[PDB]
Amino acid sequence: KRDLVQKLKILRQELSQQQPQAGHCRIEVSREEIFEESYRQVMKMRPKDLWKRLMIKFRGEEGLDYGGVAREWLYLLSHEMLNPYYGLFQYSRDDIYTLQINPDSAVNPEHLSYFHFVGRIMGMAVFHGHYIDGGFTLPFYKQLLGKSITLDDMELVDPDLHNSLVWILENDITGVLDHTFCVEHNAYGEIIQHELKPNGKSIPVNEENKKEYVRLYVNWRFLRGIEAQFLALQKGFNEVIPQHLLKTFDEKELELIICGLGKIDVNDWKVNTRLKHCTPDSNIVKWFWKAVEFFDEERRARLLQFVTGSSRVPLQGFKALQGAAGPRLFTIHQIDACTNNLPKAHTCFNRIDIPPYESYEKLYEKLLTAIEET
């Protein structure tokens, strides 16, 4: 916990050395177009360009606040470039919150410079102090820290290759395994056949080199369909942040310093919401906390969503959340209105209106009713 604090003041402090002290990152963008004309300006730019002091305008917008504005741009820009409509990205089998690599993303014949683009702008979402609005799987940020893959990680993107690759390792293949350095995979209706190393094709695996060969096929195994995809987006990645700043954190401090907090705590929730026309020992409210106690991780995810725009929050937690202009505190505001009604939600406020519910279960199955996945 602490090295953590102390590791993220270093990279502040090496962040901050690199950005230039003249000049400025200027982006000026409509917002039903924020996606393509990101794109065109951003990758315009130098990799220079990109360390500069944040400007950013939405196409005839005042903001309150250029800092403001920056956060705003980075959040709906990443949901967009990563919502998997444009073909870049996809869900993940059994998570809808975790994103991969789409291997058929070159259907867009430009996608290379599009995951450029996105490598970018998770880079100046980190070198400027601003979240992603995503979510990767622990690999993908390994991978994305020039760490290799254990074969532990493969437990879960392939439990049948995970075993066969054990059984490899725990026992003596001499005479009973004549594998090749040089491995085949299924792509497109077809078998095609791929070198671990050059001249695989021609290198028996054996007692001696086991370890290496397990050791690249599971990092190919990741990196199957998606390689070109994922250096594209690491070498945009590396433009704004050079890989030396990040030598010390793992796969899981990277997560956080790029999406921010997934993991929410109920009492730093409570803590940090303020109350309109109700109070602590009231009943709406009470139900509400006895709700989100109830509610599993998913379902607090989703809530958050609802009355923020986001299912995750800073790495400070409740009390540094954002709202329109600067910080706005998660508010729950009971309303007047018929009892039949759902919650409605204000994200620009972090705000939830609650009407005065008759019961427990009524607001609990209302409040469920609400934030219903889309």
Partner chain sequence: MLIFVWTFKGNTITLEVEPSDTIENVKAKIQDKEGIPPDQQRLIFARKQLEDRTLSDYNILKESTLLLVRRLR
Second form
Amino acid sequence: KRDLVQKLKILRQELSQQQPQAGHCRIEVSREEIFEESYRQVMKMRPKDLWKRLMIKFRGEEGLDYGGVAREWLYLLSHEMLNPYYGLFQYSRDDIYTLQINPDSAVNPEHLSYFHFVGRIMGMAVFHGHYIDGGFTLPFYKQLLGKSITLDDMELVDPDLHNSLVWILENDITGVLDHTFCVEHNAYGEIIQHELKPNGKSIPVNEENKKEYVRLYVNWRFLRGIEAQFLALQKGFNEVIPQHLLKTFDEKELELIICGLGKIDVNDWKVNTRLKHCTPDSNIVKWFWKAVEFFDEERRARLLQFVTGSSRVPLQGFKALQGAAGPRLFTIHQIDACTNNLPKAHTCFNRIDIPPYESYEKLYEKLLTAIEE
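In place of the form deposited with its partner chain bound, the structure of the form solved without its partner chain is requested.
Here you get just the chain by itself.
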């Protein structure tokens, strides 16, 4: 994870060449309807338009500075669009941290147009150096790179199927298996017969069906139910960030440039934290970090998410932590409030407000109550 910086410098060099010298990508939207209004303006644009310098305005607002309005628009919109409320994404029943495409998104008939729009926004976020709070699986990113799903990819995705397919490959399954190139799935209460290739009444045999069976099955199973959604998303993304520019990246590296690091370094966090109304040596600050040191990786992910809106950190580390309009370091603000109160976050400012709790144990417990659930 060391030449990734150099890959990313090459990419952002080549993309700045992509930006036209003249013209702007103008957007004007209300804060209250940022998703729908951005959607309408952005989908009127040609891919060329999306590479232009951003010139953004919130309806009814003058705005301090264009650069700052633009960061804020990108931050807020990329935050909303990933919200299950809009119907495009959901968290896995299998894991409420993994983001996935909503397979029922078609209840909105224009759904594919919204997937295309989100793709474009993700592309513009990479183009302008912004990290989205992106919870997608690694095979999702490899699909974005134009790479085939592998049997290894099934370990997380479908762990029983993984075992089944590994067994098929590693053993002479002649006779026992008795399957064809037609796979069955229950969709919406109904059993669907899906042929993996023309005439899928070819029985699976050793005799070199089987390797092709597994490769077709695996690529079918990953995007199963979400093929059209994914395709539109990928198309929006690559209108902004052409696939040829990404040819030296693998899925792990793409994930890192899109949403940052999921491994939280507590030393980097500590060293890049600002203090308000509490000093480096005070109890509340000592106790906060003691709790963080005890917190496991899920608890740290929940804390980071609580305070900042995301559970991941910029590649550049905590010194690059993002507020709504530009860099804002993680901040602990000690407040004059009742000590029965929980910590309160302001995610726009990566700030946590902490009452003057009377012991570590009290701080520890109130902090856990705030971040679990």
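Numbering follows the first chain given and starts at 1. For clarity, a rigid core is taken as the largest C-alpha set superposing within 1.5 Å between two forms.
Once you line up the core between the two forms, the CA of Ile173 is the only one from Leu151, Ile173, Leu245, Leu231 that shifts by 2 Å or more. Once you line up the core between the two forms, the Cα of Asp268 stays within less than 2 Å of where it was.
Residue displacement note: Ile335 has its CA displaced by at least 2 Å between the two forms (rigid core superposed).
For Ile96, the Cα coordinates differ by 2 angstroms or more between the two forms after the core has been superposed.
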